[PDB]
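*Asks:* For reference, the chains in residue letters:
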Amino acid sequence: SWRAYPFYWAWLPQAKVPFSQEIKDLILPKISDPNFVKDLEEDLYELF
Amino acid sequence: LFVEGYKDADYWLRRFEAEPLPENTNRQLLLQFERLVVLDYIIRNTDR
Amino acid sequence: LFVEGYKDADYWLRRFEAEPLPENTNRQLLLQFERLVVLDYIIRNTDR
Ligand SMILES: Nc1ncnc2c1ncn2[C@@H]1O[C@H](COP(=O)(O)OP(=O)(O)O)[C@@H](O)[C@H]1O
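Same order as they appear, the protein sequences are chains A, B and C.
FYI, the numbering for the first sequence is 358 to 405, going by the entry's author numbering.
FYI, the numbering for the second sequence is 262 to 309, going by the entry's author numbering.
FYI, the numbering for the third sequence is 262 to 309, going by the entry's author numbering.
One should not assume that every hint holds.
Said to hold, decoys possible - DSSO-like cross-link-like pairs, simulated, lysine-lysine; straight-line CA separation at most 27 Å:
1) A:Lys373 with A:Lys387
2) C:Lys268 with A:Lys373
3) A:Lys381 with A:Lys395
4) A:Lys387 with B:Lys268
To be verified - Partial pick of chain C residues on the chain B-facing surface, computed with a CB cut under 8 Å:
5) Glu284
6) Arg288
7) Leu291
No lab work stands behind these hints, which were simulated from the structure alone.
Where a beta carbon is used, it is the ideal one built from N, C-alpha and C, also for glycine.
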């Protein structure tokens with residue numbers, strides 16, 4: 358169920374404010390780089 | 262002097278309520294708004 | 262690692278609802294809140 362495990366911060370008013378530039382600039386280069394995701398999977402495999 | 266492309270403050274204000282503004286832009290609106298307060302308080306506008 | 266002098270998010274959250282933050286502080290709080298979102302969303306935290 359989608360209801361089953363909600364993110365409680367989504368009810369907060371702050372969750373309505375669109376994402377900043379600061380954050381798109383910090384994240385987008387990383388998670389849109391197929392290499393970066395593969396490093397992350399790799400490193401998690403190594404931990405798990 | 263006539264100024265171009267503006268709208269009634271409340272027109273925009275209520276849209277912003279539906280759509281919140283990016284926090285950086287909103288920080289700007291707030292700086293402008295403070296200036297309004299200052300002006301209207303000193304001249305003690307009767308009709309804002 | 263232990264981190265000192267933090268409080269339950271909603272403790273402050275409620276206190277801010279009462280007496281709001283200077284816009285600069287509030288812009289800051291929102292920058293952080295977005296980082297939390299990204300983090301909780303990637304690891305699809307079931308318990309936030
Ligand atoms: N890294 C930390 N630094 C400071 N305080 C913490 C940290 N981790 C947990 N706490 C505090 O200790 C309490 C218990 O921590 P935790 O075991 O993470 O939560 P829970 O009790 O839900 O399992 C929390 O209410 C939190 O305020």
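*Asks:* State for each hint whether it applies.
*Replies:* We went through each hint and held it up to the structure:
1. A:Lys373 with A:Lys387: It holds: about 24 Å lies between the C-alpha atoms, which stays within 27 Å.
2. C:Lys268 with A:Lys373: holds, 23 Å
3. A:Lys381 with A:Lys395: This hinted pair holds, its Cα atoms lying about 20 Å apart.
4. A:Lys387 with B:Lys268: violated, 40 Å
5. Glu284: OK, holds: C:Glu284 within 8 Å of chain B, min 5 Å.
6. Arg288: Result: holds, 5 Å to nearest chain B Cβ.
7. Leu291: holds, 5 Å
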